[PDB]
Amino acid sequence: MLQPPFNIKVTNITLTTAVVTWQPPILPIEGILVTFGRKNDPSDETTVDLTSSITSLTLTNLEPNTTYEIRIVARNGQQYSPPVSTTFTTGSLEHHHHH
Amino acid sequence: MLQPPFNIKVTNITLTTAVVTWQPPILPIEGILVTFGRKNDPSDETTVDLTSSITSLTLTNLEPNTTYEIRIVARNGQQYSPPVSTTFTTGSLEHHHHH
Amino acid sequence: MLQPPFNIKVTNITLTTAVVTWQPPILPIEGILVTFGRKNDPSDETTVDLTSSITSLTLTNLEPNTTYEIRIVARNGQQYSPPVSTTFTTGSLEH
Amino acid sequence: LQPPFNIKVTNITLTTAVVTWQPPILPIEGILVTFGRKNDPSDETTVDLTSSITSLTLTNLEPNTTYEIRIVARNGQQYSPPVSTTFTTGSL
Amino acid sequence: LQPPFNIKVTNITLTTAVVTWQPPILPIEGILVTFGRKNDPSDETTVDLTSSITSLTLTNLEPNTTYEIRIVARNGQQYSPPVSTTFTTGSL
Amino acid sequence: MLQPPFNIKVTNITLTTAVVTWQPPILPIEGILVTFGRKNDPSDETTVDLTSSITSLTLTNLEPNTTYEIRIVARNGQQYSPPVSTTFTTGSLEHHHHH
Amino acid sequence: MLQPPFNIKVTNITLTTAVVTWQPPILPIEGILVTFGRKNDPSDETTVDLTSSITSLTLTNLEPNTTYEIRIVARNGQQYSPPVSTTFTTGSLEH
Amino acid sequence: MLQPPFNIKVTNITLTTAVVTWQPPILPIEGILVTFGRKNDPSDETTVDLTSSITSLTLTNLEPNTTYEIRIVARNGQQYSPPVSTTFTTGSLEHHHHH
Amino acid sequence: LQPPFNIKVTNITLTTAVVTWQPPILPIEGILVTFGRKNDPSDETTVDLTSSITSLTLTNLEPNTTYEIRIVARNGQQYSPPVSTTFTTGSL
Numbered sequence: 000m001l002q003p004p005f006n007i008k009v010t011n012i013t014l015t016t017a018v019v020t021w022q023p024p025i026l027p028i029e030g031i032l033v034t035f036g037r038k039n040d041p042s043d044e045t046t047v048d049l050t051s052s053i054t055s056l057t058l059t060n061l062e063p064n065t066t067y068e069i070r071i072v073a074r075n076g077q078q079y080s081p082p083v084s085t086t087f088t089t090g091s092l093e094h095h096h097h098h
Numbered sequence: 000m001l002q003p004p005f006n007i008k009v010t011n012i013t014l015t016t017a018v019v020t021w022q023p024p025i026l027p028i029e030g031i032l033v034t035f036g037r038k039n040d041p042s043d044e045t046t047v048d049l050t051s052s053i054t055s056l057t058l059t060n061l062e063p064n065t066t067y068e069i070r071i072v073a074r075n076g077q078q079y080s081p082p083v084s085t086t087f088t089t090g091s092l093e094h095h096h097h098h
Numbered sequence: 000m001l002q003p004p005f006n007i008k009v010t011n012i013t014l015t016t017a018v019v020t021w022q023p024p025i026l027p028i029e030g031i032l033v034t035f036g037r038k039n040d041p042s043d044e045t046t047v048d049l050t051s052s053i054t055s056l057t058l059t060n061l062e063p064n065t066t067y068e069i070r071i072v073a074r075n076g077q078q079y080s081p082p083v084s085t086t087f088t089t090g091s092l093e094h
Numbered sequence: 001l002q003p004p005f006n007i008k009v010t011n012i013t014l015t016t017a018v019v020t021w022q023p024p025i026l027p028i029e030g031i032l033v034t035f036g037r038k039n040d041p042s043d044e045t046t047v048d049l050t051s052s053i054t055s056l057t058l059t060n061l062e063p064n065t066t067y068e069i070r071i072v073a074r075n076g077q078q079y080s081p082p083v084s085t086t087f088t089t090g091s092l
Numbered sequence: 001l002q003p004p005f006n007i008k009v010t011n012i013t014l015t016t017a018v019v020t021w022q023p024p025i026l027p028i029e030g031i032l033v034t035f036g037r038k039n040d041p042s043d044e045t046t047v048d049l050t051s052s053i054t055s056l057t058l059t060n061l062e063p064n065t066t067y068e069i070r071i072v073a074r075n076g077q078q079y080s081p082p083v084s085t086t087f088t089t090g091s092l
Numbered sequence: 000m001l002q003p004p005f006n007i008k009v010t011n012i013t014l015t016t017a018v019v020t021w022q023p024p025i026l027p028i029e030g031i032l033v034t035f036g037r038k039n040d041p042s043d044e045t046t047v048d049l050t051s052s053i054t055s056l057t058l059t060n061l062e063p064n065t066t067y068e069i070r071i072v073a074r075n076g077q078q079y080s081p082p083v084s085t086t087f088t089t090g091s092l093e094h095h096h097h098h
Numbered sequence: 000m001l002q003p004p005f006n007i008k009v010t011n012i013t014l015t016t017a018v019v020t021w022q023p024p025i026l027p028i029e030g031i032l033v034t035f036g037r038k039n040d041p042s043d044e045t046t047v048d049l050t051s052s053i054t055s056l057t058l059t060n061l062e063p064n065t066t067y068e069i070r071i072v073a074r075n076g077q078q079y080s081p082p083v084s085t086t087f088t089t090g091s092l093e094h
Numbered sequence: 000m001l002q003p004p005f006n007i008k009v010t011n012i013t014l015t016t017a018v019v020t021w022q023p024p025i026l027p028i029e030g031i032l033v034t035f036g037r038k039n040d041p042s043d044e045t046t047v048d049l050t051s052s053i054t055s056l057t058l059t060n061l062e063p064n065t066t067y068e069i070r071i072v073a074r075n076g077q078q079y080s081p082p083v084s085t086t087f088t089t090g091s092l093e094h095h096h097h098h
Numbered sequence: 001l002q003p004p005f006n007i008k009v010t011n012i013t014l015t016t017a018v019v020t021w022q023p024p025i026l027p028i029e030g031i032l033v034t035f036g037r038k039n040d041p042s043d044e045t046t047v048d049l050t051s052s053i054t055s056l057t058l059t060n061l062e063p064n065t066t067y068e069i070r071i072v073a074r075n076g077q078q079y080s081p082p083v084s085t086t087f088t089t090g091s092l
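Protein chains in written order, with PDB author numbering: chain C, 0 to 98; chain E, 0 to 98; chain A, 0 to 94; chain F, 1 to 92; chain B, 1 to 92; chain G, 0 to 98; chain A', 0 to 94; chain E', 0 to 98; chain B', 1 to 92. A prime marks a further copy of an entry chain.
These are computed hints drawn from the structure, not numbers from a lab. Keep in mind that the hints are not guaranteed to be accurate.
[Said to hold, decoys possible] No farther apart than 25 Å at their CA atoms in a straight line, the calculated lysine-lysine pairs in the BS3-like style are these:
1) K8(B) to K38(A)
2) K8(B) to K38(G)
3) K8(F) to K8(E')
4) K8(E') to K8(A')
5) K8(A) to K38(B)
6) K38(A') to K38(B')
7) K8(G) to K38(A)
8) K8(C) to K38(F)
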């Protein structure tokens, strides 16, 4: 099997954003595929294709006090490695909205 | 990137069996991966790892009047080539069964 | 102690080609190991792991007028049936 | 059709750089980020991202070298004029 | 309960012989092998083996003598009919 | 003091079978005990009781790329000679299993 | 005759990753040899020489569902403590 | 010249311990050299030679409120790549000690 | 003075057994190993070894018999309390 990305980390979690970083495999690979979206929600899922030379992404437009799930895969040609993933929840509001 | 196998051809289709045969990519390779199952079910899938000197497989124990898909990919080093695929449907029961 | 395959037949033998066919075991199994290579050479062997849903293979790139042996072993869990064999010889060059 | 702006490059090291940019001001179908040696039009790597992404960490760059980043916003077939910046990696 | 088949006595010399057999179609918890001079009931020996063993080499046989080998499969209580073969050792 | 069997030799090793052969001690004995199984394992051990007439066995149902230990003991009356043993490893696969 | 390390623990085991941790010897030493490789393979082994000021390593690029062994030896002058061991197994592939 | 290791990152800093983790250069290499010690003393230095498949070290027995520097270099053939380095300072004693 | 620990009796057969142990936390100038039938004081043998030896194989044991093994560390004059384990040989 193709070696996967490892040590995935979601940092600087705010109300609507998050910083995702990971470590690519030891072997040369042609791409990385980062997939994210609401955890308990299949449909909502965005996928990004990157050169293995990118090790971090900052996400915005996330919804508050919501649980997300990120999945990262290495790609070499058309062979894909098992994913490496994690879940995280965005911060929430303690004071209420308008009127 | 890696050149894929080609000229996939399903032959001698009956009620429960099919003959699959293809051509390995011209460049030397470490293996050929054949995947098959109901086109109607990503779960129902089997993938075999063959030498490149095997160019044909006879599939038995297939369900009558069912539609199947075959994916054939080549692998070398740590790369899979894109797949060459095709679909076919098994023969059917003209006259009816027993009692 | 594990159900074996049987009735291995080799047909349509040409100069460098051969069709191999067999009968899956009576009891269900998880896989089937098919090994082949020159009979003379204990170090030539090539093995592929298949399922019982596959009962035939076409071998190519063989050498002319050579004797090959095929061995099939069925596997289930960590159990392996006693090997079943047969040998055949590819055709010879005319000129 | 506008592009991003305020493109900042940071934590520049011998071989890596954090690229950040402020999204335009129009619901767009993402952007394209291209980077490569500035003194070499042959070396160009492109990535296609949705609007939601505002930063990337670039690696495998060469020391004491000048790189150029061109970001373009797309909407199917309508590309905005590119925004660009150039920076140089740390030196020995 | 199916017995072994294709019993074969190979590499026969003046005092030794190789015995091999193909295990049954159905799994078996064990096998009993018996051998001795065909024309003699007193001289007869048997060994119980695991079905995973498929060949055995006999030594110290008498020259130019005919021997019979019987093999039976078992599952503790159930046995199968025997499978037999006979052979003769070299003479000079 | 009861001379043990000797010159034990494992030959014809394959993915799942192996041939074992030896020589009985010089003086007659009541039986020969051949015990075999995975080396790194106590639960897995098969003992077979032979007549000193037998000098070889062909073992099947061996796991691929696995290390095995074989011990042979001579028994006369209630006495047992120290065992003579050897180790070997079955051949291994180069192509993968299926899915 | 030389003080040994101990309490080797392996945590955060993934498909190809593993965190190894240990306790340096009671008496001071000059170095610590940490060896690792597949347990099955006596010829796989990889060794690094560390100091007692380091008590943990993260191994990567391992193979899935495989059993590895770690051995640690403390050295001082030309003396080497008796090896301390532990084994662990990387996770298995789902699909 | 040789591409250096990158994304050096010190983490989990306490009074006496620190976690160091980095990314090996993409090209195959024979080794990674990690050097650490008080930034305040070129004499106080330790250099370990690691496989490139080790991407993290936990340093213990560090002095409280001290500033340290880490240099990570890659070596291949008979070349060392330039170093990737960073500094950090251990935590400190808030309340006072014993008597 | 700390004794060895984790005494383990491995590969037990009809007449042999493998004995291994993990040397102490503190260095020791030597080790004394004793073994013999558990229910018998007359039958008992001891060997003095260098602490660098960690395993030993016993042969000529009696079948289906229980044995006890004691190990003690020393520094010429000081010894440590013993560490013990017992095992039984195969039977048939």
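Do the hints match the structure? See the list:
no., hint, result
1, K8(B) to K38(A), "19 Å, holds"
2, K8(B) to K38(G), "32 Å, violated"
3, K8(F) to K8(E'), "22 Å, holds"
4, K8(E') to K8(A'), "24 Å, holds"
5, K8(A) to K38(B), "36 Å, violated"
6, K38(A') to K38(B'), "35 Å, violated"
7, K8(G) to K38(A), "22 Å, holds"
8, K8(C) to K38(F), "32 Å, violated"
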